[PDB]
Amino acid sequence: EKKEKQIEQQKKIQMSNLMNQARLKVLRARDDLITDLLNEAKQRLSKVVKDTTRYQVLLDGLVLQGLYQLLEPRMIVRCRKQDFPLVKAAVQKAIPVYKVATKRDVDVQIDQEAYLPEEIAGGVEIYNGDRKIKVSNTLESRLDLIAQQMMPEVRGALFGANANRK
Amino acid sequence: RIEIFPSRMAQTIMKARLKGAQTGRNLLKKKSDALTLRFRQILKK
Amino acid sequence: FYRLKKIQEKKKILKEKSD
Amino acid sequence: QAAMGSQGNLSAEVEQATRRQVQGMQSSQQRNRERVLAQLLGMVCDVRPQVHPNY
Amino acid sequence: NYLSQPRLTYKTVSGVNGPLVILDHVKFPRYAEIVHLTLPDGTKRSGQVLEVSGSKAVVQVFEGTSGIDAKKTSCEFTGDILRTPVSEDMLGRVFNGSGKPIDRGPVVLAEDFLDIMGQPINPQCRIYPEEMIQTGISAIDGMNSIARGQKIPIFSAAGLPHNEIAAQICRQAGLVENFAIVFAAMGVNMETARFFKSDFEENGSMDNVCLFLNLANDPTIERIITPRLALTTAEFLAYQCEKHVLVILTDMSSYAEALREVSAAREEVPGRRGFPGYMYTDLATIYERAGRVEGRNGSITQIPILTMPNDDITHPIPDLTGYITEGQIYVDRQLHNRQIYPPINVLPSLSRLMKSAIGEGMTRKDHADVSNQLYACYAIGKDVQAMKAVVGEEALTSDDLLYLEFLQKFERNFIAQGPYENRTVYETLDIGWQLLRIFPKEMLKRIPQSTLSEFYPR
Amino acid sequence: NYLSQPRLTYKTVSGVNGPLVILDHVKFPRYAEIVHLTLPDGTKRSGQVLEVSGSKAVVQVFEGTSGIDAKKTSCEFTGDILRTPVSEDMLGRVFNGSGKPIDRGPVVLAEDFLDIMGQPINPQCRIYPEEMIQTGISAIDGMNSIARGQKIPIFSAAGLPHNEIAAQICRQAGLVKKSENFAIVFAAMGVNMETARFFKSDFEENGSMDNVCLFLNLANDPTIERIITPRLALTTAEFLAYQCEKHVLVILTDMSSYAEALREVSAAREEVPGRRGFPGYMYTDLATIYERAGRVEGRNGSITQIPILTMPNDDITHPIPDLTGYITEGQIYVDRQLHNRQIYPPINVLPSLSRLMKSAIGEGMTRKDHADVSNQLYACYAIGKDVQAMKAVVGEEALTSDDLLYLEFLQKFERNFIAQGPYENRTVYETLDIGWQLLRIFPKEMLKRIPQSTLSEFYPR
Amino acid sequence: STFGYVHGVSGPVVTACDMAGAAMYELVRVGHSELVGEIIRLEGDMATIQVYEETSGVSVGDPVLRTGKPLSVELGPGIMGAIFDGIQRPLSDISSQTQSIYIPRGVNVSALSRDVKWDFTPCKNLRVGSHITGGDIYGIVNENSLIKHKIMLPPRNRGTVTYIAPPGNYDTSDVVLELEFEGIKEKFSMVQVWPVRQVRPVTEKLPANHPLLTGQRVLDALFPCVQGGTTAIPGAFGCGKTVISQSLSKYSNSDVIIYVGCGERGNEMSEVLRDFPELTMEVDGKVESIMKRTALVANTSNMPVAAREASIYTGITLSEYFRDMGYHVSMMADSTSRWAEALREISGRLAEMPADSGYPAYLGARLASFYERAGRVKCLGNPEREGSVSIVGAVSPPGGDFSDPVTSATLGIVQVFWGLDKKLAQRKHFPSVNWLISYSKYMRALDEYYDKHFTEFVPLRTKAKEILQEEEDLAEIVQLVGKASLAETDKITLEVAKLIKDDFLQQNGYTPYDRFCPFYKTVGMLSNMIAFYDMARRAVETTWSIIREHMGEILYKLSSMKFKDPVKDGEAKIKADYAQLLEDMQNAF
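Protein chains in written order, with the numbering used here: chain A, 1 to 166; chain B, 1 to 45; chain C, 1 to 19; chain D, 1 to 55; chain E, 1 to 458; chain F, 1 to 461; chain G, 1 to 589.
Just so you know, the hints here were simulated from the structure itself, not pulled from any lab data.
Even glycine gets a Cβ: it sits at the ideal position worked out from N, Cα and C.
Be a bit skeptical, because a hint or two may be false.
[Unchecked claim] Residues of chain C clear of chain F, computed beta-carbon distances all greater than 10 Å: (1) 10; (2) 13; (3) 14; (4) 16; (5) 17.
[Unchecked claim] Interface residues of chain E toward chain D, partial, derived using beta-carbon atoms under 10 Å: (6) 2; (7) 5; (8) 9; (9) 27; (10) 28.
Please put together the full structure from these sequences, using the hints given.
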């Protein structure tokens, strides 16, 4: 009764660990279908950086979205090397529309001494005058904020919805 | 089951009341042993 | 202990105004 | 008998039930993928610059 | 509905002492807001804003301030309070104290995001617990029976088998179609974590068990959010997926000892023995998250284990627990040295919802009367046993020898049952009626003459 | 390591509150700097700097703060911390608590300048204590014997003669004759005028002042000088022992009046009082003056301490005898039971203990029967006190012939062995010979703690 | 920046200014003599530092030299036989460099000397270009004849080997390994620096299965301990504490010992520091000193209170570095009650709130976060090793009462408690381990080892436990009514209990035959004394007198069993002699 009970307690643990690894394997395969979908959303975001008309109307509001949140007297825009003439129209469009919503005045410049890395797909990072506070408004950061808040929506639409709710 | 209020002089009053009952056993353990010693030799007699 | 540490936190604030 | 029959319980689950669950959701991912990416990248490109409600 | 603005990232720390980091120049800080510290050496730590004042934010970090700079550390303000990704797939997985998987797995795919602080149920739409859970223990199912929606602790001590009877009431948890057990371990050892993990895989129950284990070497401010995580998934299963949940919050004395250090670091007002003045309300925010509501078919029952210090029921850990919960289960040290496996001293034990969960339609007619007489015959015979040690073993009334005949036949036959035996409530009441057979028919005062005529001659 | 810069004198006093004087515009102030106040009417006062902050330095004046102005007083910063003029000719001099001579003599010629805080002894350099210090008291030398480096208090109460047996073990302390470089540093903290006059006139009127270094500190002395009194007394006792290589006994009487001065300056620095009013760092502060003891490896000197303290209300759970019993190595009780019975010295040996008396006594140290006659006198004392409780509830008749012999031992143990008289200097050999005259009234085979290898040589006489 | 200025000192606490990039709990060097202190608050540019040493003569404007690390130990060769304090200053080198008896308050003397030369040899698997992860042994230093000091990688860094050292003699300052990573190449010597408050990373916690053969007979049989377990003993004046601390260093299967004297006393630490260098170890060849495998952390209470509070974390970090090599470490904290008095002074100086009896709120959590660093684990690194740490922490409660915020919080964390008693020392019962108040909770994990190796030991000791548990209820009636009313069944089990407390449990440590009783002797000395019991159980069911007077010589053969010397007596002889006693009992009945 000690040989039969210690074998059957380990025979149950042998089967229970088999279905434990089966539950994690379908869960890990489901995570890969979200990873490459997030990877596909990153490659399709770089094609918006490719054409210039749709990217500058995005980057018009993308710098203004960072300017509205800092609300500093002097702010410093930090962009990539390739997009520096493209943010120069995005900054100058944003000065007379910042002063319509708010009622202060800005000293916006563009950081030339240190650019963003070339691995960035696009976007802009905007600092303050003391370079302490920072707004990361790049397209790599907007995809991280949106696609983590929309995980209830990309689970129910892209996989099956749950049968037990409310 | 507690008795009175903690006041830092009740701690030294109750340590003396504990001292009275700690020596109340050892004074009455031997009295009950002196009675038991005579009880065990009268039974032999 | 709590009443004396409450006062030593209040006496420090009044000594930070008169600087 | 318990050691030989436990191997027959392995292949009834580790390649029958598990492997049909991956391709069961690999097909459902491929059917609904392009509707999601049009909804996802619509929100990345619809920048609405607001100020804080406390101005 | 959803946050779309980018996150502000401050390098404007201006003060740090103890576990509290004080930032300056924060633009509209929010109370109870989560921040994300990144250290100068690159490691990430989370935090929670505990007090704002103008442009300052007093954030406490969950991992401790060891290494936090005043110039190089960077703090990113997530613009929302602590929400956790909850799903139906959080059932069969183990997690640590903060949020993360332990069993080599992926992150949760977030059916929705629930606030961990919850929101209290409307007391008009909260219905009374009625269906008695038959847990297979004679000291429980006889005299301290639990309901479906009842909060009931296990009042234990150090060294007593409260982990063992926790795993025993997990297997035999059924009605008089299984329980989705949520397990929260806080301040536990390594062996205690392996004892619960290898028992939930032994009985094949790890397909519906969500372990939230936080070890003793894990940080002591992550023990605060550990019962809040394990009860915000239990509200997701019970109040949205219509599931019957059994929540076990083991070592609740390790939660409140981890609550004392945080309040003593904030210099809050102390209550009794250093615990904060809000210990009643902070314990009740995780104890009153139980019961069942009128619109749903699910329920959530809590069995929070705690070890009282120095076997004292007047310590602030088990005293404030009795005021919130609905009766306790008291295991004893004196009944553990006699090698009785459930050492459940029934005298300071109680079940406040047992009166509505037993009776004619529930179990049977004689249940409410034999439990009042098994309790009174136990209480008299302990007063007799405290009398014979002073007076003698021979200067007693002959009626007082039956009360010594009861207790030696009570503790070994009624409550002692073994670690795998699950007596039904009809097994228990036929064992409990045997111990009353050694008394006369008119010495049983609590049982009336009507139900004595139907059950006592047997 | 001389310093030759001239000292600055500040007239920039900017605040007085209690015993503290707050200065301003100080140029690089040291922490524990000794300053010299000069009052507007010419009287001189000293003081330690208590806390510096930028250009502000807060001194606390030794002799008190009364009369100190804010316009005309001048404070002079001696650029170093408090030092001690030590010598070997401070053996036979009476000093006050700050180091100035009291016995109408000159200042000490200062053959070294040492710091009062000292340094901790290396645990790898300390060695175990071996031989014995003879105190001349049979209740101490015979049954609770002290080693050369042992730290052993005297737990007394208020009213019991702990000052009278402190002066006894200073007049008649020696090593052992054994048929030699001995000194005593006596520190008194918080004594009266009557106790300080008794200590001055007992050591000089008995010939003992060839080897006594006496440090008084009266109760009408400044309460900051009670803190530097055991630091002065142990700095010189670290100069005589293992720098001049002589065995030193340090008697720190009234260690309950030291920690009432430590509590006083802890409230001057605006600290929150800890357990029972005493500060939280009192275990570290008491152990910085107890652990300046023991022997070292390469030097022949040694230093042993007898810190005498009065526990209030006969309490052992008070923080003064509880944090002393954690660091010292066995205690000696002066008790009120034997003192009202008129027994001098009133030292009961039943709760008293010396933890290193198994090292101190022995064959080459005193003689080889000390281990057994101490165990047998202690075992016969516990029985003779036990059967004396039988004499009242049973009767003088009904007790046996054995228990009538323990009662005749009890009336001779507490009258010939313990009861000594304040001028009877018994050696360690005269103590054991009295210890055998009380064991000879029993027949042997009752002397069960003594082996027969030593019972045959010393019993028949 | 690199320098700060003092800006004010108010006792032990210094509010040093001009320190912007300073971290919390980071060690600095305050003053001209470089007093060591740690940053404890941080208000903008000023950092509030409490100094470990005595601040005296520290001026305003003295330099505060930043280091950039918390309190951390130096881990490398030159540690076996060394005596440190709680903050790892070498006491055997301070007394040699300075030629004095004091600690000179400003000694930043390195813990491991950079003048001795160590014979380094690589792992012989690593070539130039191999990828290496944290925890990989890349060399072995033959430190002593007993201990091979396996030089490992730090767990932090990682990279590719571009320069390994040739086999030869190096200092602890010579560069031995060089690692290319993504950005910059890192080079580091044989010493690694690990913060003492940080738990050492490891692959997987394993359950503890193998026992510690301590050598004593009551401890290896009745209350067994496992390697990887946590125990506790009472720390009174004299019960047995000197021989439990020294037989576990001489007669154990543990590879290295760390002894943490944590603020003990003046002469009680000088006794330990002069008795451990003169101990002798019987390795398979010749006799060796115990200090070829033992390190000491020595603290008296004259030392700083933060060098007494961090003595436990210094000792457990030396115990974890020698765990990761593959050894089986055993650590004895000499007093944890004197450690909690160093927490009360640290928290009482910071004006922390007292929780219970003056102790701070984090007392029970700092004790748990140290005892949970002990365990048999599978170590990091591709050589695939395993290690262990056993912790024996002594507790000295006030008045011998087991109700205390330290003692009652120790008994809830430790699994084994060897209860030493004062009364058994007064009756010369050595060792003085009591059997009623003691317990052990590692029995359920030790059956799987006992059923594969001895197989008649598990029901052997449970019979021996119920005999002595029966004796305590029989001891109250032998003075109440007497032996004249005692039963023929009960008077025999009392007489074999006196055989148990004399032959099995009582073990004189100075006799040359009972210094190390192995488990083959231990299983034999109980199997012939429990088999004597149950054959005396049917002998009263068939006379109590004729088994005591006729088997008096068989009563002598069991009472001269403990004498069957196993040093000079073969194991197979002792097994052979013990079987011969078993046939004599079965034939006499």
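Here is what the structure says about each hint:
1. Residue 10 of chain C, annotated as away from the interface, keeps every beta carbon of chain F farther than 10 Å; the closest lies near 12 Å.
2. At the 10 Å boundary, the C-beta of residue 13 of chain C stays outside the reach of chain F, the nearest C-beta of that chain being 14 Å off.
3. Every C-beta of chain F lies more than 10 Å from that of residue 14 of chain C, the closest at about 13 Å, which supports listing it as non-interface.
4. Residue placement check: residue 16 of chain C keeps its beta carbon more than 10 Å from all beta carbons of chain F (closest about 13 Å).
5. Non-interface status of residue 17 of chain C relative to chain F is upheld: no Cβ of that chain comes within 10 Å, the nearest being about 16 Å off.
6. Restraint check, residue 2 of chain E versus chain D: the minimum CB separation of about 9 Å is within 10 Å; hint holds.
7. At its closest, the beta carbon of residue 5 of chain E sits 7 Å from a beta carbon of chain D; the interface hint therefore holds under the 10 Å criterion.
8. Hint status for residue 9 of chain E: violated, given a least beta-carbon distance of 16 Å to chain D, over 10 Å.
9. Evaluation of the residue 27 of chain E hint against chain D yields a held restraint, the C-beta minimum of about 8 Å falling below 10 Å.
10. With 10 Å as the threshold, the beta carbon of residue 28 of chain E comes within range of chain D, its nearest partner Cβ sitting at about 5 Å, so the hint holds.
Consistency with the previously given hints fails for number 8 only.
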